[PDB]
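2 protein chains.
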Amino acid sequence: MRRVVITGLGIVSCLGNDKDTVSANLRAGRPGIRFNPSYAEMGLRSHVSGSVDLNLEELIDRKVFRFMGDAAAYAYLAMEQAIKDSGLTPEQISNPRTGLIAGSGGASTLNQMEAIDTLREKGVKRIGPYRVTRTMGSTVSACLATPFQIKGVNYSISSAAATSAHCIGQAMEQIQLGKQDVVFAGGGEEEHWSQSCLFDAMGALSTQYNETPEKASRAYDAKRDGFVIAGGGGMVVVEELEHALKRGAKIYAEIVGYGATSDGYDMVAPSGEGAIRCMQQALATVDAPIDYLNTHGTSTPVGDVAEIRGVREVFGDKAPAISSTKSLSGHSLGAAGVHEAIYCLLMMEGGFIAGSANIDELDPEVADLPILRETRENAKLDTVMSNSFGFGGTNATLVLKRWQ
Amino acid sequence: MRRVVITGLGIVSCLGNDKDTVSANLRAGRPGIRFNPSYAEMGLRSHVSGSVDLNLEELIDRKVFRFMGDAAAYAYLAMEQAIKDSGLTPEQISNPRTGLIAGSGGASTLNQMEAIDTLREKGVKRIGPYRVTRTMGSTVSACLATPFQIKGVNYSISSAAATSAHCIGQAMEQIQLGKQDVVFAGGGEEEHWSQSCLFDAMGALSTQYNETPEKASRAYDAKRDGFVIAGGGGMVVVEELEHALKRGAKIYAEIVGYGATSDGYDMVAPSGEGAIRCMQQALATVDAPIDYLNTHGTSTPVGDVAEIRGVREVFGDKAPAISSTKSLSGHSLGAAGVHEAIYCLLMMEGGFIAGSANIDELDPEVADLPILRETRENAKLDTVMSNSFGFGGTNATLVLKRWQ
Ligand SMILES: [Cl-]
Ligand SMILES: [Cl-]
Ligand SMILES: [Cl-]
Ligand SMILES: [Cl-]
Ligand SMILES: [Cl-]
Ligand SMILES: [Cl-]
Numbered sequence: 001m002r003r004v005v006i007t008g009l010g011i012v013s014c015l016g017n018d019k020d021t022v023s024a025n026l027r028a029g030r031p032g033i034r035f036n037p038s039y040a041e042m043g044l045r046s047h048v049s050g051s052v053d054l055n056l057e058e059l060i061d062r063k064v065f066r067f068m069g070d071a072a073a074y075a076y077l078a079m080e081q082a083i084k085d086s087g088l089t090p091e092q093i094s095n096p097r098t099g100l101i102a103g104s105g106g107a108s109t110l111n112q113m114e115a116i117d118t119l120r121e122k123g124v125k126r127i128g129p130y131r132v133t134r135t136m137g138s139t140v141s142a143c144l145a146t147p148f149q150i151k152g153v154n155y156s157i158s159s160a161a162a163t164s165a166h167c168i169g170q171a172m173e174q175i176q177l178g179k180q181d182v183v184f185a186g187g188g189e190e191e192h193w194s195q196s197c198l199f200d201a202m203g204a205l206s207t208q209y210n211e212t213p214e215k216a217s218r219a220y221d222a223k224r225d226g227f228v229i230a231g232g233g234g235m236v237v238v239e240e241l242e243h244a245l246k247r248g249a250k251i252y253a254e255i256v257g258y259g260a261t262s263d264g265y266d267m268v269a270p271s272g273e274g275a276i277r278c279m280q281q282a283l284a285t286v287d288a289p290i291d292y293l294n295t296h297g298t299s300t301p302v303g304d305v306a307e308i309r310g311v312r313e314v315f316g317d318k319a320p321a322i323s324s325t326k327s328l329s330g331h332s333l334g335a336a337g338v339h340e341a342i343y344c345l346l347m348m349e350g351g352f353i354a355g356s357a358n359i360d361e362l363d364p365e366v367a368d369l370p371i372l373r374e375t376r377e378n379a380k381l382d383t384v385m386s387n388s389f390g391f392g393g394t395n396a397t398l399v400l401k402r403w404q
Numbered sequence: 001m002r003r004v005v006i007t008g009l010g011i012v013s014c015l016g017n018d019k020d021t022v023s024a025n026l027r028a029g030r031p032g033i034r035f036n037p038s039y040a041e042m043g044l045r046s047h048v049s050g051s052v053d054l055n056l057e058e059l060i061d062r063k064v065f066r067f068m069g070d071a072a073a074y075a076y077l078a079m080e081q082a083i084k085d086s087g088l089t090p091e092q093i094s095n096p097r098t099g100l101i102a103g104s105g106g107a108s109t110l111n112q113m114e115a116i117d118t119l120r121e122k123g124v125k126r127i128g129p130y131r132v133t134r135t136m137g138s139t140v141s142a143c144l145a146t147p148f149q150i151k152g153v154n155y156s157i158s159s160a161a162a163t164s165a166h167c168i169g170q171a172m173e174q175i176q177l178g179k180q181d182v183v184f185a186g187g188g189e190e191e192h193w194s195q196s197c198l199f200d201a202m203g204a205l206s207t208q209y210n211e212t213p214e215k216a217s218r219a220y221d222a223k224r225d226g227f228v229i230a231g232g233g234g235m236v237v238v239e240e241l242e243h244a245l246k247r248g249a250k251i252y253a254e255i256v257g258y259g260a261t262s263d264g265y266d267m268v269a270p271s272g273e274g275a276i277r278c279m280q281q282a283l284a285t286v287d288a289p290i291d292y293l294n295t296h297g298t299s300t301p302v303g304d305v306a307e308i309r310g311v312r313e314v315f316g317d318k319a320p321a322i323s324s325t326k327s328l329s330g331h332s333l334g335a336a337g338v339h340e341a342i343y344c345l346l347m348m349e350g351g352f353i354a355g356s357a358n359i360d361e362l363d364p365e366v367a368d369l370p371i372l373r374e375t376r377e378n379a380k381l382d383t384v385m386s387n388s389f390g391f392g393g394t395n396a397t398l399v400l401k402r403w404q
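Going down the list, the protein sequences come from chains A and B.
No gaps in the numbering here: position 362 of the first sequence is 362 in the authors' numbering, and each next residue is one more.
No gaps in the numbering here: position 23 of the second sequence is 23 in the authors' numbering, and each next residue is one more.
There could be a bad hint or two in this list.
As the list claims (entries may be wrong) - If the Cβ cut is set under 8 Å, some of the chain A residues that face chain B in the computed set are:
{"#": "1", "residue": "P96"}
{"#": "2", "residue": "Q112"}
{"#": "3", "residue": "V132"}
{"#": "4", "residue": "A142"}
{"#": "5", "residue": "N154"}
{"#": "6", "residue": "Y155"}
{"#": "7", "residue": "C197"}
{"#": "8", "residue": "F199"}
{"#": "9", "residue": "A201"}
{"#": "10", "residue": "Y265"}
{"#": "11", "residue": "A269"}
Just so you know, the hints here were simulated from the structure itself, not pulled from any lab data.
For every residue, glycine included, the Cβ atom is placed at its ideal position computed from N, Cα and C.
Kindly generate the complete structure, drawing on both the sequences and the hints.
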């Protein structure tokens, strides 16, 4: 089958809105989590978030921006970065063999709330004509494919925390089917109390670290108490290898493995069994040893351990270095898969492994695995794996191999 | 390349909640559209909908149903029907080589509204722990994969009106990649004023027929005035041919063509050009003449004609018989693609072409095309085509060939 590489990236996140800032914060171990006054004012129990600090209206053409909620807007800025990074020409961006596969976990709870408040107070006409494109499940793909004049595939995948990892794997598969040469893959996620309250109510979020927000997300720590919600966007340029070499592309990495499985077990907790099969499917096409695993690792009591049990079954006594970057970044939901793919690309480009932050007391149930608690500098980091596991028992695993 | 057939179906719709009732209403030309008092009470300008008449809480065990909104519930009941219809065994349904690809355009605006009303009036805990799975973009896949113990692929696609057509085509592609043998493909969509108001506010919906609701959806009629929103669910069993033959499956049709393209131009306005490329891509793998085209045909002034311009460019003087079944069913959004695939399968089983209803005066801009205004009985239907075109310039076309 045709080989597939990544030739450009872009990111909007609480760790930074450009690759150099994000790389630096991963290397230094600086969390992007902050206190969220709006959460406290609205009666949430979790008062922490990984929030993006941007004036989106000053960064995006108004004709484009009117159709967007924050999820699309974050993804759009990430895509602009990825296009610049990749050096693709307008004709390489806009042609039947170049596509877009990008999604979100939610869409825009804020625009939905505004629409209904408006209906009740002011009537239907005052809702305005832009709410469907901001709130539909395809908001991220629709709002990007249209202004970038994408002519190839155009759809969104939604698979909760697996969303943007499935997007990248499906971009690879569209190229392997022979249907596309270039696919923009990624995701976006709005961060607002109108979405975070739903997670608070199901008992998913951190609450015990509201006074020390930078410490709240602490995968593998004995005092972890739920995930820290986040927003943002990411996009990668997925490209067929011969196309990339012929145009003199920069090549970060080859996509060498991809798994997508289902637990068929519990709506909210991983089975561990599905994750084992997902990692094995990703590894079935990989000959090189795995140097680093970026876990799903959300800072939840059950989930962090269940995934580690699966890692132990897959690798036995030969596990790779492991960290969760969610201890720094929080959980960007639909954006988590592409964010973590990007973090892994930046680690390989920079020759370092980000440590698993905020571990005061390593959970004894994971202490036999090589959980990296500090940055590994001067790392010969060639082959990396990232897991993304969402509600509904949906699993995604990507394996990337550094291009020399 | 592996061949792909459809071996089971299920449907929840305003035309019926079983395939025999639906087939009868298609043949007789009986619309499912009714007056919606809640729309009028809430100040919408459109007072018509295609609504499902089911007591969902009597049909789905509460332990399953608590995680669902209506979109997932409709899809679940369609999947129960498709499982019975297919004759698959529990070991064939729950297997690493059996997957689920099913989505929605929205998810649950009703559950979002209830959650925020509850947060404001009663606080965060009273929202309850079920709202994320009801409202997340992957609600339809998550809420089915878990109880049916799906082990293979598991994710949603969201692409507006193309959603469940892309689900079917991607199910076909997973089988062609060699990754799955059976994939449940389809979609679901909630119908509620909290979603319909968004479409009303963009000027998309019919308003001139509120006193005569069954006449409101009237694709190609000179006095069409917008689409009629609907809800429901549909699911088809997409299966590798040798697997189907070995297990003695019933076989409706082979999937012989699939297109998926992007306009890369208008967020909402119909393109003509993207539709031409999508139909050509579907037809590139088809040698048989097309006997029938089920258009997207939403009963919009511009959209109906833009699509017919594309059909004229693709087929010229050899255009197939055409009808829009949306004049009967309304527009089920995320469920439209699988609903119309099912209607086409039922037309091939019954040897009839459903008439394009409610045409008092055929629009002169489409009158040169063979738009059937009445049901054709004793129709020799071997190869049928269905278009689904969504906001964001997303396009799908499926071509199905009757299995003799
Ligand atoms: Cl396990
Ligand atoms: Cl998660
Ligand atoms: Cl939609
Ligand atoms: Cl309470
Ligand atoms: Cl006629
Ligand atoms: Cl539409």
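Consistency of the hints with the structure:
Proximity of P96(A) to chain B holds as hinted, the smallest CB-CB distance being about 7 Å (cut-off 8 Å). Hint status for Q112(A): holds, given a least beta-carbon distance of 5 Å to chain B, under 8 Å. For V132(A), the interface hint holds, since its Cβ comes within 8 Å of a Cβ in chain B; the closest pair sits about 5 Å apart. Of the supplied interface hints, the one on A142(A) holds, with its beta-carbon coming within about 2 Å of a beta-carbon of chain B, less than 8 Å.
Taken as an interface hint, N154(A) checks out: its beta carbon lies about 3 Å from the nearest beta carbon of chain B, inside 8 Å. Residue-level restraint check for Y155(A) holds (minimum Cβ-Cβ distance to chain B is 4 Å; threshold 8 Å). A hinted interface residue such as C197(A) counts as satisfied when its beta carbon comes closer than 8 Å to some beta carbon of chain B; here the least separation is about 5 Å, so the hint holds. Given hint, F199(A) at the interface with chain B, holds; its Cβ is 6 Å from that chain's nearest Cβ, closer than 8 Å.
Hint status for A201(A): holds, given a least beta-carbon distance of 4 Å to chain B, under 8 Å. Using the Cβ-Cβ criterion of 8 Å, the hint placing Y265(A) at the interface with chain B is satisfied: the shortest such distance is roughly 7 Å. Checking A269(A) against chain B by beta carbon gives a least distance of about 11 Å; that is not within 8 Å, so the hint is violated.
Taken one by one, the earlier hints fail for this structure only at number 11.
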